[PDB]
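K.L.:
Below are the chains, spelled out letter by letter.
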Amino acid sequence: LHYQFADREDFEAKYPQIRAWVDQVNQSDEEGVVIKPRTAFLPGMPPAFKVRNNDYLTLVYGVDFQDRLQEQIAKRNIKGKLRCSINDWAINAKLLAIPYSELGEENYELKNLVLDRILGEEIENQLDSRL
Amino acid sequence: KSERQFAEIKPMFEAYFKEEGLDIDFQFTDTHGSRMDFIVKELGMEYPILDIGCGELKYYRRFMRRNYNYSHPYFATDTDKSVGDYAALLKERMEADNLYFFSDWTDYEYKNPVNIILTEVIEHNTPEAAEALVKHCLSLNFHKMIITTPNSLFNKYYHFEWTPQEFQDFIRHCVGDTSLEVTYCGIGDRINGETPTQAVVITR
Amino acid sequence: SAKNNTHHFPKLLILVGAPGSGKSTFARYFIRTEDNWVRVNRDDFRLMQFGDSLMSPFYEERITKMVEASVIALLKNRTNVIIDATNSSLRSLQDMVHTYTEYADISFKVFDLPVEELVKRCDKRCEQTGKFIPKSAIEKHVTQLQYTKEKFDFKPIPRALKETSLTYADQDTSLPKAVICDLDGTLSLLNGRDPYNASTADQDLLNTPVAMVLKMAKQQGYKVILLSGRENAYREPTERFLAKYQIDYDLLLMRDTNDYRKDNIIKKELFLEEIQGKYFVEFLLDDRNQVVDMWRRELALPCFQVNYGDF
Amino acid sequence: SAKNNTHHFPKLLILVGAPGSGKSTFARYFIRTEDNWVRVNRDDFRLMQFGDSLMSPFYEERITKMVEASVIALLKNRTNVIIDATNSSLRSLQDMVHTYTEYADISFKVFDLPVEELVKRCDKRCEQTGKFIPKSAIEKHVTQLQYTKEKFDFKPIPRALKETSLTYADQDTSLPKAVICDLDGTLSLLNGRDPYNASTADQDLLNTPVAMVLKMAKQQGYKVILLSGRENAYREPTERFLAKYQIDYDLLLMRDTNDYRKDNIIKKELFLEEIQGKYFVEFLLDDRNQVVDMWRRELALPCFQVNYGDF
Amino acid sequence: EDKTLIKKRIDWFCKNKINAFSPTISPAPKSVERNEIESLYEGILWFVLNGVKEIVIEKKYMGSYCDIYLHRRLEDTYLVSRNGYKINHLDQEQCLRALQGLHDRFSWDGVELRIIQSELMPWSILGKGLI
Ligand SMILES: [Mg+2]
Ligand SMILES: [Mg+2]
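Protein chains in written order, with the entry's author numbering: chain A, 264 to 394; chain B, 219 to 376, 390 to 435; chain C, 2 to 312; chain D, 2 to 312; chain E, 2 to 132.
Zero decoy hints are in this set.
27 Å max Cα-Cα, derived DSS-like pairs, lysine-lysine:
id, chain 1, residue 1, chain 2, residue 2
1, A, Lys299, A, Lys277
2, D, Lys110, E, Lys8
3, D, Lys150, D, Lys121
4, D, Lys224, C, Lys178
5, C, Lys224, D, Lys216
6, C, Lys141, C, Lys110
7, A, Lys313, E, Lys60
8, E, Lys4, A, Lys344
9, D, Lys141, D, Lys152
10, C, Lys245, C, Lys219
11, D, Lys263, C, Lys77
12, B, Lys329, C, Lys269
Treat the hints as calculated values from the structure; they're not laboratory data.
All chains should be built: construct the whole structure from the sequences, respecting the hints.
P.N.:
Next up, the structure:
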């Protein structure tokens, strides 16, 4: 799907269509759906939001998931994962901006950019594993 | 988890084995920790110590317990050249300090008395090569030497492994007619008079 | 007279305040309008390490040794230093005055701003650069001042040289009188020899004046004790040198071969096992900084430094 | 041994390259992955003075005295230091190695990449911030390396310590032998007295080991010369002090009353008008740092420091 | 996080000529209201209120994230994982064959390499991911 909304109440109107479509993404293949902005990299924006169908979540969270739903929901907190997802993509932009030719064991700007990314992996690894 | 949790349970265990023939005296610390205590107790702090087969220098970090005031150099050897690198990695300053590591016995020149620790090193290379090492150490200017090897008569509860007779014959061949005081003793849990590691305290 | 020979000393101005209280902003106008002034600033030392704020205890400890090394180097040069106080907490604020008071007329300017005009320029600052200071860490600081503000007057405190009065250890004077002398760099000028490879020391040069002290002290009850940090291995090029110059002596003490510890602590160990309780030390003659510091500071003995140490 | 006593010292790393060559960018990755390292950086010192780029010759020499005082403070602390080469030339590159090689194993990394996209990374570093670097100023730098790259090896300079061969001034040995002793802080212990108001020196204390060198020096051919920075006004609290403590002496030399020149130069001037060429000095006994340097360095005499100067 | 492991990992990141690095992806915000822990609605909405009005919605597939360094010379193509890692432990020809479907979708006129974000199937062959 591709959408441009212009105003928040156009969004309101086409939602039920979009909702109905991802509603059918249910076969064994599919973690679920992902939401990206048209432009792949924007300042301060995350690359995407995943939205996993109930059947797949049941796998990450366990067989008691529906029975335990309001619980899990209350426990859910994406504010930290979202920040890392954002910073993580921002590093990648800089890593990509580095010219392939210049990739090498003494490109100490590349080495920095990586060490940065590596550090932010150790951070994003301590978060709720089911995200 | 505690030694007075232990103290309260030890009688119960000992009794259990008494009506199974076995006269067991349990100890709380693991076999290794018993070894470390015996040596440290026996050698004391008054002479500089020589740690042969010092490995990860676990005996080093014990003598440097602030409590003890180790006011000497500390000599160490391992032939294993991975330890080789580790010692040299405390010229990271992390403490030289008084360490002196050597892998070539011709690089040890200290002529004053030392105490000598030979823990569980004589069975991580050959008996011919063990003799060679021990015989060397007994030539050096030492006060006390402690040699430690497992007691094989204990292996029945689970390079080469020596019996108490075998070990005592080894020490005798290495001391020969020199004039030393040689003392044996077990270290660790004592089942029917037999312990899991056996030891000598050779004294000048 | 004395009333009219008076000397003047560099000024140190310490800027006491909460983050946001306009400490920096004052210094910027100060060192541009007043005259002999250099600023020292801790955050900038952080930037050198590519960290933006508060770092590892590692870096942070070292940065201090840098700050103090810098303030003093500047102060010694008869240059005025303006520096931000490290905190407002009385005792670090005292620690500062200890450190620097040998060196300068200290003065203070406090930046006492109300708690919410401190946030209203901390959240107009923290839009500027990357940094941030919450409304927690500001207030441990604002009230912290209001308390230490109350139990200390930010009065000018003129240069204090405190003369640790020279007090020697108490010795049993009935013991025999003796002087103790170093070899390497003191009685023996090693003269291009290897410091550590003393195998050729029988061809060193004689520090003639020190020799004439030992040669004079032995013309009295004084036993002349030589205590060298040279390995005992090299003991025979050594008493070859000594006899060569008729430097007779009662006792030559040397470093255990293969010891290799810092040469102060083996000398101190040497002193206690072999000299203390058995002699009366009038004074000692050594050369090396580390070792003279040992003698003077750890054992409280008279030690006359012969030439420059600092190695 | 020497083969087998090897000693280890902090490393100092020097970063040689024109601006844009990745000096910082490397250091940023370096101090994060290697382990015992603090970076010292000149530019960051500028910012403490709120200068963006090169400042007054005032600030600039002062900024240096801070930089080396910091690099050394860190090196002395057995901590490794990384610095950008200062001028990137040859001779300042030498000044660096001169200043610092006593303290550390020096080594270098050169960042020698081309002038036309040294401009293409200097003109992308000069718009994040402000700045400008003319492809003139960057051009002074690329070749200045190319000449010094050409006549200087950038491979390691292991800690070189260097002993000054102690060579005394030549004294006409025909003269009578005499020893020279300071008063304030050497033979006469002030014990809270005013340094400048020597009117109560009649109630000073006696530094016994020094007194015992003078009391022994005269029990030999030695004439005892006392050379004080005390104003001559206070001469009878002084030979009251002297008489009180059985300190017999041949010659008391003192500061012209109302002189007030710094006490280095009035002691040196006194030496030439009242002692030099007319006596033979075996050695001198003084205390104050400033003055000892004087005897030792300027007049090249044996001078034994009794306690700590640094005032 | 041992300095020496990071260092050599990066050294290899440089030798292997890697020029990109994946982000972690956050779930969409919960909607207690809509009784779902990752909400399709609250997620797209988030983008809107942040001034992003043009968005995409793909289906996320059960597979491993890999970056294909699609060299024009298809022999030269290698794979890197969600981390900074060359994917060697696969028969480079079965891999390359599956990769050729793709290869023929491009004009390789003065184009030496396209770096392409992809999912590998099943999650099985590579790592495991959820097992
Ligand atoms: Mg010396
Ligand atoms: Mg004086």
